[PDB]
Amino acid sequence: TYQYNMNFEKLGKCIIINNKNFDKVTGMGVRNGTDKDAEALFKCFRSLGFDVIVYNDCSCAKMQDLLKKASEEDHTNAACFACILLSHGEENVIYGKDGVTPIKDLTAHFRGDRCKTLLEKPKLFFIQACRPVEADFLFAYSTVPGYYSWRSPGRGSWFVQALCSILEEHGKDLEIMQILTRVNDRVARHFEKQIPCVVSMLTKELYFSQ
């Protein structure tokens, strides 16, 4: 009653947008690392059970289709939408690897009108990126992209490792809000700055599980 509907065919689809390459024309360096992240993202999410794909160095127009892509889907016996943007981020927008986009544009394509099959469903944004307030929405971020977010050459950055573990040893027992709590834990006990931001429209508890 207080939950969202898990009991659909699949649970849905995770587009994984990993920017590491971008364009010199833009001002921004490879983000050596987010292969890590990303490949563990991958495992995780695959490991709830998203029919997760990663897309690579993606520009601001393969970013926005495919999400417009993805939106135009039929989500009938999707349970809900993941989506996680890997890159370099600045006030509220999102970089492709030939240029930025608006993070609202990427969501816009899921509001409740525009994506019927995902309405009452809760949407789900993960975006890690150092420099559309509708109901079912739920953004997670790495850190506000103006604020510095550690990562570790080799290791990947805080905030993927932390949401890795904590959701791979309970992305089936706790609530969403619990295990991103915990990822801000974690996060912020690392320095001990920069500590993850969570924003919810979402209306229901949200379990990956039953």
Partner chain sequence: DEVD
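Rigid core (definition): largest C-alpha set, two forms, superposition within 1.5 Å. Residue numbers count along the first chain shown, from 1. First, how it differs from the form deposited with the partner chain bound.
Summarising the superposition on the core between the two forms, the listed residues 66, 144, 40, 60 contain exactly one with a Cα shift of 2 Å or larger, 144.
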Second form
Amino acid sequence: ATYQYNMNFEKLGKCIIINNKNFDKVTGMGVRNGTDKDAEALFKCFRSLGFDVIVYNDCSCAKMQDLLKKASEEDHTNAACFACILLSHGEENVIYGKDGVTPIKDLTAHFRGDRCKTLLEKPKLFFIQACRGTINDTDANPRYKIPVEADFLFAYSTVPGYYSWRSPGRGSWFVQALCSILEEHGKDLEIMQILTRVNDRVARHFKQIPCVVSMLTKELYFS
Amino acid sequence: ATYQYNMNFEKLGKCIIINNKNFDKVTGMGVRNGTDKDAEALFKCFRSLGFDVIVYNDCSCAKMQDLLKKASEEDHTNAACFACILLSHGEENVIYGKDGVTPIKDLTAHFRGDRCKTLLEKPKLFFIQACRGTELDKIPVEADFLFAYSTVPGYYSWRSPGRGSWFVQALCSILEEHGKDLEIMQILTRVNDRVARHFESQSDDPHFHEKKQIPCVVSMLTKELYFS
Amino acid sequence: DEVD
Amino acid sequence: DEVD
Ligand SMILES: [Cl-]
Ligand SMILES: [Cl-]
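Having seen the form solved without the partner chain, please provide the structure of the form deposited with the partner chain bound.
Zooming out: every chain and molecule, the one shown earlier first.
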């Protein structure tokens, strides 16, 4: 009860997928073939969880910041949680937009406890398929005041030092492993159980080392 | 059973605690009062789990790298896992020794599968009480690694001079109560909630008064971890 | 296989 | 309180 996130809302929440395939010449990054199959697969396996999935394609850095800012300004009162999936190139601490790079923490900053009150005390999930190279109070009352970075979870396809692999004709191993486990155990297992299995699935595929960065305060079941 | 780590070994594993309290004057780092309570409390709650705990105080950067290197050179064949707790000052990607800083990933690099065969496919646990950059408030890691940070990069890691650090207080409190029952992520999630709700900073400087802290768990684990 |  |  008090150790699980309250999932008794009218809807599970919004899931925003940013699918970056084609990049400007000045970025020096090539076409990400196979990411369309990832986005479509992610669309299906997340709709099944109960998420209202929205897919954007080839977004510039300003575009990525704007749509996430707009989404954080929506009314999530009757929503249980929020999810965001990023499919693009990436270096350390940054994700690639169509025209360049933008700090990942700049994208997630919009959903902090002090900036997004309707998602306060609610799970905020970020799934990131990419390489990784190598402030006010939430409340005036100290009794309800929580850290602004609380209830955040990050699921990276890899760790800094290793590559994030993607099959041009099939898609990334991380997405395939993620959707597969969500289809089978997305309604019965806790989020860390699901992601731990994801880490194993990609590991036994053999380098690529997926990881989870969790600031969650409760256990997360998709009920 | 096939989704858990095999815990059927003679011992749970080795646990090294590095307790850095006093630092050289050249560093300009103050005394970390309360860390002695932390080190002793951690000694108790980790021994209760079944760890072989050893505590070192005020280690240099060379010493810290040495004792962890010597640890990875030991035989962990009959051990289920390995744990290491770091208690000191710190910044982004680095932790303070008595004579300066040293990168955290250099400390953990010794326990990688290619340098530590007897710990291959066994969980390596690293608990770190230190600041990780405060502007708001490289050898790669591997699978079966877990980092339990006291805070999020960019934010402070608080410590009560008379009671100890918030993260350690919460950690042993959860471990003594549910350490034998819950999976490692369940424990750390409750630690997150405990630190996030029970504590707020005390200072006559209103800018640093009643500030909040959320720990950060980085898991590369491939299986579930029960200490029993 | 390509990398990101 | 103190910081690390
Ligand atoms: Cl494609
Ligand atoms: Cl002390």
